[PDB]
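Can you make the complete structure from the sequences, with help from the hints?
Spelled out, the chains give:
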Amino acid sequence: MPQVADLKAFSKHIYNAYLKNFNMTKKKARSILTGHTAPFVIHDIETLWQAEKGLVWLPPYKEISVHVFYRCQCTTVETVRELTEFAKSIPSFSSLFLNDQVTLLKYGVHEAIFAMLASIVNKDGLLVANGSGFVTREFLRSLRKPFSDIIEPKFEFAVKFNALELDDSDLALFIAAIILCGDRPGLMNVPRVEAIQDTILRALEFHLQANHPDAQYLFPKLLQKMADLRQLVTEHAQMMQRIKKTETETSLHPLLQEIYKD
Amino acid sequence: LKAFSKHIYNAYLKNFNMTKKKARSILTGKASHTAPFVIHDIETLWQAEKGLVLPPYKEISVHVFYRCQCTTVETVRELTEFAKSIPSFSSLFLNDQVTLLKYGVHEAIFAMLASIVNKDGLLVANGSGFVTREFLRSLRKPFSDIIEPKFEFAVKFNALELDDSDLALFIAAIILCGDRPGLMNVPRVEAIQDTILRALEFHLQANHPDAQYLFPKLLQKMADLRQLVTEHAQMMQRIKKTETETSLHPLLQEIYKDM
Ligand SMILES: CCCCOc1ccc(C[C@H](CC)C(=O)O)cc1CNC(=O)c1ccc(C(F)(F)F)cc1F
Ligand SMILES: CCCCOc1ccc(C[C@H](CC)C(=O)O)cc1CNC(=O)c1ccc(C(F)(F)F)cc1F
Ligand SMILES: CCCCCCCO[C@@H]1O[C@H](CO)[C@@H](O)[C@H](O)[C@H]1O
Ligand SMILES: CCCCCCCO[C@@H]1O[C@H](CO)[C@@H](O)[C@H](O)[C@H]1O
Numbered sequence: 205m206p207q208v209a210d211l212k213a214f215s216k217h218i219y220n221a222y223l224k225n226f227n228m229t230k231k232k233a234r235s236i237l238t239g243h244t245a246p247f248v249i250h251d252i253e254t255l256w257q258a259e260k261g262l263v264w271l272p273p274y275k276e277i278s279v280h281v282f283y284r285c286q287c288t289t290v291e292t293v294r295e296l297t298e299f300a301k302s303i304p305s306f307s308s309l310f311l312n313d314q315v316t317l318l319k320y321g322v323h324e325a326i327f328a329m330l331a332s333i334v335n336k337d338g339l340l341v342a343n344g345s346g347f348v349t350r351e352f353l354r355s356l357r358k359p360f361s362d363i364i365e366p367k368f369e370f371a372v373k374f375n376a377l378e379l380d381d382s383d384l385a386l387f388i389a390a391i392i393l394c395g396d397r398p399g400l401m402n403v404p405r406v407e408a409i410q411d412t413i414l415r416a417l418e419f420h421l422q423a424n425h426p427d428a429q430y431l432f433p434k435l436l437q438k439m440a441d442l443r444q445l446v447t448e449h450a451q452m453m454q455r456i457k458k459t460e461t462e463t464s465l466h467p468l469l470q471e472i473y474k475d
Numbered sequence: 211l212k213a214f215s216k217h218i219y220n221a222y223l224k225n226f227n228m229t230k231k232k233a234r235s236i237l238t239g240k241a242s243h244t245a246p247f248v249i250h251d252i253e254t255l256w257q258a259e260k261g262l263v271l272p273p274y275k276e277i278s279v280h281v282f283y284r285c286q287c288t289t290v291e292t293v294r295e296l297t298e299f300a301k302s303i304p305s306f307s308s309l310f311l312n313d314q315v316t317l318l319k320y321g322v323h324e325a326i327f328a329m330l331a332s333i334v335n336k337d338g339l340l341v342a343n344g345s346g347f348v349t350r351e352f353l354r355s356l357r358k359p360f361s362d363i364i365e366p367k368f369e370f371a372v373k374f375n376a377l378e379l380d381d382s383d384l385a386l387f388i389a390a391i392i393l394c395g396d397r398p399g400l401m402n403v404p405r406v407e408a409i410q411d412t413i414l415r416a417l418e419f420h421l422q423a424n425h426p427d428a429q430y431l432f433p434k435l436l437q438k439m440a441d442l443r444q445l446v447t448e449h450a451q452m453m454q455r456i457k458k459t460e461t462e463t464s465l466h467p468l469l470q471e472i473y474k475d476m
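These protein sequence lines are chains B and A, in that order. Here the first sequence stands for residues 205 to 239, 243 to 264, 271 to 475, numbered as in the entry's author numbering. Here the second sequence stands for residues 211 to 263, 271 to 476, numbered as in the entry's author numbering.
The hints are simulated quantities; they were obtained by calculation from the structure and are not laboratory data. Even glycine gets a Cβ: it sits at the ideal position worked out from N, Cα and C. Take the hints with a grain of salt, since some may be wrong.
[Claimed, not checked] Using 20 angstroms as the maximum straight-line C-alpha spacing, the simulated PhoX-like pairs for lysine-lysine come out as follows:
1) B/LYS301 x A/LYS301
2) B/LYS319 x B/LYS457
3) B/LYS474 x A/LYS474
4) B/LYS434 x B/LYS373
5) A/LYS474 x A/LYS336
6) B/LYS458 x B/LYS358
[As the list claims (entries may be wrong)] In silico negatives: residues of chain A with every beta carbon more than 10 angstroms from chain B:
7) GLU253
8) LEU271
9) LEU330
10) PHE370
11) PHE432
12) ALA440
13) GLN444
14) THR447
15) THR463
16) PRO467
Right, here's the structure in full:
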């Protein structure tokens, strides 16, 4: 099959773009949470302040809850870069005019960020600083209200998502499909993207068949997860607008600013 | 430091197909290539279109207007590859790479036009033909109004006699201009811009020894270039506002918007 041909490869390429650009994979991550060092479990002020100073590891320290909030922003900023590189590592993506690539990453980065978060997280916590730390959900659950409410949803979806058992090759394609989404606000060359999206999804469709043989309704579930990811980022942007209103004191990083404006 | 000037010169040479080099030679009636077929009426332009040298052909003046667009579309394409070809530039987050390109391209397109023009006409289609300023003016006012201001600038700029090496450094100083509206990270840009300008200067003393007052002149041409585009946009908007029948490429739409 002429299609099945250029696709298995197109799949591999993206997978080779994922592996070259993300500092953390579910492969590496999953090992840490199961089978070197025992990541310093952060669960309170001491562990936090400890991990901070030098044990494990930025705006003027104001408070633990705001400090964590900031530590969640940096994460996003560093991820958006790897996601630009990953996007660029797709020849049909790079061809697009610079402005179209911005609109994609702008409205796409968080959908992709909430899917990759699931990789470095288990029902009890997430991996920080190249998996050398482990922030406990219980600690994160105890942060100040305004900021403690954005942390939970991310967890609820991460577990319901991680049950599909997707490895790094599925995610390579999954993330590409999230970035190249024609239905993006103010996109220009829409048909070109919609077209690039179909190749990715078809490649993703073939790939799930080989990689997850006797599996079930996996593909349609991921399209749903993609839809759930659209809604999660929405429920998120909303909480962020309230943080910029009520938390008159806490700051927002430049890149997170321009991402939310309109 | 020259590692910067060599880097930008090789970024400029590799990226833009028509350097002042090839172009300037092809106008000095030289021998290493071939004669350029002149275009002055509708018969020559059609011939060019035929073989010797895109929306539904509406009219004379509009067909040219369209050719102007598809020309700045491939210039913006080489200009993007160029800008990225400056490592210090690429580091920047995609969003700012665009803002610099959104307000810089036209300033940089008009400077390079002068590179391929002269009081009589300009080279079109890879120096394969030669459109005349005469034929250019003759087009209906809602089009001839944008073409001439560029010719006046063109000649009143080639009088400085730069060479590809300078331009490489001129176009870079225009692209990276932290005075662009909505730049997320102004300081990181104002820093790169300074390096290029300092780099430029050192290169102008060596490359244009006797050039009395060169470097300060260019910065002035830089300002004039913002002046030209600013006025160029005004007209374009006015056309988009009048010639409803006339289609404007989506990319030229995004650039102008808000200007
Ligand atoms: C895995 C589920 C956890 C939810 O994680 C989230 C949720 C929302 C966001 C939103 C960010 C900024 C608030 C964004 O909107 O871009 C970031 C993280 C990512 N946060 C971190 O990576 C993180 C990083 C450092 C710390 C620590 F150690 F400082 F406590 C705690 C953290 F949750
Ligand atoms: C060098 C001085 C000439 C002035 O050229 C100009 C002036 C303004 C613009 C503005 C363009 C679109 C209107 C833009 O704003 O991006 C483009 C050109 C570029 N035009 C062309 O490249 C061009 C291309 C083809 C033809 C023709 F006659 F052969 F069809 C005529 C042309 F001026
Ligand atoms: C790779 C990360 C990219 C993050 C991009 C964030 C883009 O924000 C948008 O940048 C545009 C210019 O490019 C502006 O015109 C929009 O008003 C602004 O909302
Ligand atoms: C390399 C050529 C780049 C041309 C870029 C033209 C960009 O236009 C701007 O694109 C932004 C999204 O990216 C929008 O948010 C702004 O409203 C719009 O004005």
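TODO: Would you assess whether A/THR463, listed as outside the interface, keeps its beta-carbon beyond 10 angstroms of every beta-carbon in chain B?
DONE: 19 angstroms, holds
Task: Exclusion check [A/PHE370 not at the chain B interface, CB over 10 angstroms] - done: 26 angstroms, holds
Task: Pair hint outcome, B/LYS319 versus B/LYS457 [Cα-Cα no greater than 20 angstroms] - done: 19 angstroms, holds
Task: A/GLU253 and chain B, when compared Cβ to Cβ, separated by more than 10 angstroms - done: 36 angstroms, holds
TODO: For the pair we were handed, A/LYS474 and A/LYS336, check the Cα-Cα distance against 20 angstroms.
DONE: Violated, because 32 angstroms separates the two Cα atoms, which is more than 20 angstroms.
Open item on the list: The output says A/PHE432 does not contact chain B. Does that hold with a beta carbon cutoff of 10 angstroms?
Closed with: The claim holds: A/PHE432 sits with its nearest Cβ about 30 angstroms from chain B, beyond 10 angstroms.
Task: Pairwise hint evaluation, B/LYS358 against B/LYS458, where the allowed Cα distance is 20 angstroms at most - done: 14 angstroms, holds
Open item on the list: B/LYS474 and A/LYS474 were given as a pair; does the straight-line alpha-carbon distance stay at or below 20 angstroms?
Closed with: With a Cα-Cα distance of about 17 angstroms, the restraint between B/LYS474 and A/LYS474 holds, given a limit of 20 angstroms.
Open item on the list: A cut-off of 10 angstroms on Cβ-Cβ distance, and A/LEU330 was said to be off the interface with chain B. Does that hold?
Closed with: Check passes; 21 angstroms lies beyond 10 angstroms.
- [ ] Would you mind confirming whether the straight-line C-alpha gap from B/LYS301 to A/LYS301 stays at or under 20 angstroms?
- [x] It holds: about 12 angstroms lies between the C-alpha atoms, which stays within 20 angstroms.
Open item on the list: Quick check for students: does the CB of A/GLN444 sit more than 10 angstroms from each CB in chain B?
Closed with: 25 angstroms, holds
- [ ] Examine each Cβ of chain B, and state whether all of them lie more than 10 angstroms from the Cβ of A/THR447.
- [x] Holds, since 21 angstroms exceeds 10 angstroms.
Comparing the model with each numbered hint stated earlier shows that hints 5 and 16 do not hold.
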